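Protein chains: 2
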Amino acid sequence: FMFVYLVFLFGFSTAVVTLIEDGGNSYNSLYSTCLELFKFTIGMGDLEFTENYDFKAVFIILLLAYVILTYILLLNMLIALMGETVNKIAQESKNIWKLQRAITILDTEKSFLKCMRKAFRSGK
Amino acid sequence: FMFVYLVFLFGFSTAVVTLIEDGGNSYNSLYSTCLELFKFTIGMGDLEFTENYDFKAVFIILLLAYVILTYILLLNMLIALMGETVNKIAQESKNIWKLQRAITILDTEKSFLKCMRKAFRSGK
Ligand code: NA
Ligand code: NA
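Residue numbers (this note's numbering), protein chains in the order written: chain A, 1 to 124; chain B, 125 to 248.
Keep in mind the hints are simulated off the structure, nothing from the lab.
Check before you lean on any hint, since a few could be wrong.
Unchecked claim - Restricting the straight-line Cα-Cα distance to at most 16 angstroms, the calculated cross-link-like pairs of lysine to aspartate or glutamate (EDC-like) are:
(1) B:163 with A:48
(2) B:180 with B:146
(3) B:180 with B:145
(4) A:56 with A:21
(5) A:88 with B:145
(6) B:163 with A:22
(7) A:56 with A:46
(8) A:56 with A:22
(9) B:180 with B:170
(10) B:212 with A:22
Please put together the full structure from these sequences, using the hints given.
See below:
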C-alpha cells in the first residue's frame, strides 16, 4: 500500500511544485508540497493552500485528480483488502497465537529449570 | 459512482446558489458553491460558509440533506461495493496478471530476437 501510495504522492507533488512559481509562503518546496498533499489523506487538506501559479485550472485539476485517486480510491481499496485479509486468516491467527504461547511456555520452563530442574515435571 | 455523485452535487449546488443572493465573498457563483459542497466529501466542509440568504432554515436543511445523502450514504455504499468487488475478483486478477506477464515475455523475446534469434530456445 505504501509503495503505491508514495508513487502517486511523489508524482503529483512533483507536478504541483513544478507548476508553482513562488511569486508567497515559500510553498515552492518539495517537502512542503508533499506534506500539504499528505494532509489531504488525513482529512485536513486545504484545496487552495497557495496562489503562486499562472494557471488555476491546471492546479485545481491536479488537486482533484489526486484527491479522487488517493483519498477516494486507494484508501477504500485498502479498507476492502483489509476486510478480505481478516476473513482469510480468522483461523490461522489462532494457530499462530498457540505456537507463540507454546514457545513462551518452553522458554519459561527452560529459564526456571535452574530453580527446579525436575521438580515441575508433567504427568505421573 | 461519479455519474451519480455529480448528479447529486450539481442538483444541490444549483439549488444552493439559487437560494444565495450575495447581499459577501461573492459566493453567488456556481463554481464556488460546487467547490464548497465538494469539500464536504473530503471532511473539510464548513456548514456555515455564507450568510447571504433570506431563509436560514432552507439553507441548513439543504446542506444537511446533501451531507446525509452523499457523505454518509453514497460513500459508504461505494465502500461496500468495492469490498464486494474485491471478493469477486480475488482469483480473476491472478489470471489477468499471468496473461500480462505472458505478453511481457513474448514482447521481450521478440525484441531480443535481433540480438540472438535462435540462441535462446526452450527445451532440448
Ligand atoms: Na475525516
Ligand atoms: Na477534517
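Hint check results:
no. : hint             : result
1   : B:163 with A:48  : holds (11 angstroms)
2   : B:180 with B:146 : holds (14 angstroms)
3   : B:180 with B:145 : holds (12 angstroms)
4   : A:56 with A:21   : holds (12 angstroms)
5   : A:88 with B:145  : violated (56 angstroms)
6   : B:163 with A:22  : violated (25 angstroms)
7   : A:56 with A:46   : holds (15 angstroms)
8   : A:56 with A:22   : holds (14 angstroms)
9   : B:180 with B:170 : holds (15 angstroms)
10  : B:212 with A:22  : violated (48 angstroms)
Consistency note: the structure conflicts with the earlier hints numbered 5, 6, 10.
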